[PDB]
Amino acid sequence: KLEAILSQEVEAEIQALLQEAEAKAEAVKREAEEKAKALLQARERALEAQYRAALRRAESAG
Amino acid sequence: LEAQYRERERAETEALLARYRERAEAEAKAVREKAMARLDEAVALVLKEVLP
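These protein sequence lines are chains A and B, in that order.
Using full-length UniProt numbering, you'd call the opening residue of the first sequence number 3 and step up by one each time.
Using full-length UniProt numbering, you'd call the opening residue of the second sequence number 53 and step up by one each time.
Hint data in this document are derived by calculation from the structure and do not stem from the laboratory.
Be a bit skeptical, because a hint or two may be false.
Listed below are the simulated SDA-like cross-link pairs for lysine to any residue, each with C-alpha atoms no more than 20 Å apart in a straight line [stated by the list, open to error]: (1) 39/A <-> 54/B; (2) 81/B <-> 91/B; (3) 3/A <-> 14/A; (4) 81/B <-> 99/B; (5) 39/A <-> 91/B; (6) 81/B <-> 64/A; (7) 81/B <-> 69/B; (8) 31/A <-> 19/A; (9) 37/A <-> 53/B; (10) 39/A <-> 50/A.
The following block holds chain B by itself, in its conformation from the complex:
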């Protein structure tokens, strides 16, 4: 019983991780794509506070 429950759990502790990876990477992209448009604005705020 334990024998058919250990392999069960193994295949679920693979399924769970597999989905986490897909969100993680898509939400990694969502932090890239959000920045690269509001990118010149950051450089502006930085520049403006180094040169005084």
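Bound-form chain A, shown alone:
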């Protein structure tokens, strides 16, 4: 039959789509974690700068 052909045609597209769309929902979850990570790394860098500078200022004053 012609109908036994057709059911294999949907079940084929509808797995490719759902693997593509779990390869976007994975990729985003990665890039966002590495984003979140880097936005606290940069937060680390700032704190040092502002404390190293500050201690020198208060020393020179005294």
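Given the structure of chain A, go ahead and fit chain B onto it with the hints provided.
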């Protein structure tokens, strides 16, 4: 995070100065107390070089 780090630093840039003041004044006294004993000797050296 920055919020709890700015006030931290403020309280340390008060602690640091507070100790500097205590040394400074005690070492100001140490330049007074050192002189006032070796005081007649200075006046002697001065006098001795004005009156020729």
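Distance restraint between residue 81/B and residue 69/B, which requires alpha-carbon spacing of 20 Å or less: The given pair, whose Cα atoms are some 18 Å apart, holds under the 20 Å limit.
Satisfaction of hint between residue 91/B and residue 39/A, Cα-Cα up to 20 Å: With Cα atoms ~67 Å apart, residue 39/A and residue 91/B exceed 20 Å; violated.
Pair hint residue 3/A and residue 14/A, alpha-carbon separation not exceeding 20 Å: 19 Å, holds
Distance restraint between residue 31/A and residue 19/A, which requires alpha-carbon spacing of 20 Å or less: Holds: residue 31/A and residue 19/A sit about 18 Å apart, inside 20 Å.
Hinted pair residue 39/A and residue 50/A, Cα distance within 20 Å: 17 Å, holds
Holds or violated: residue 39/A to residue 54/B, with C-alpha atoms at most 20 Å apart: 16 Å, holds
Hint consistency between residue 81/B and residue 99/B [alpha-carbon to alpha-carbon, up to 20 Å]: Between residue 81/B and residue 99/B the Cα gap is close to 26 Å, so the pair fails against 20 Å, i.e. violated.
Pair hint residue 81/B and residue 91/B, alpha-carbon separation not exceeding 20 Å: At roughly 15 Å apart (the allowed maximum being 20 Å), residue 91/B and residue 81/B satisfy the hint.
Given hint residue 64/A paired with residue 81/B - CA-CA distance at most 20 Å: 17 Å, holds
Holds or violated: residue 37/A to residue 53/B, with C-alpha atoms at most 20 Å apart: 18 Å, holds
Of the numbered hints listed earlier, those contradicted by the structure are 4 and 5.
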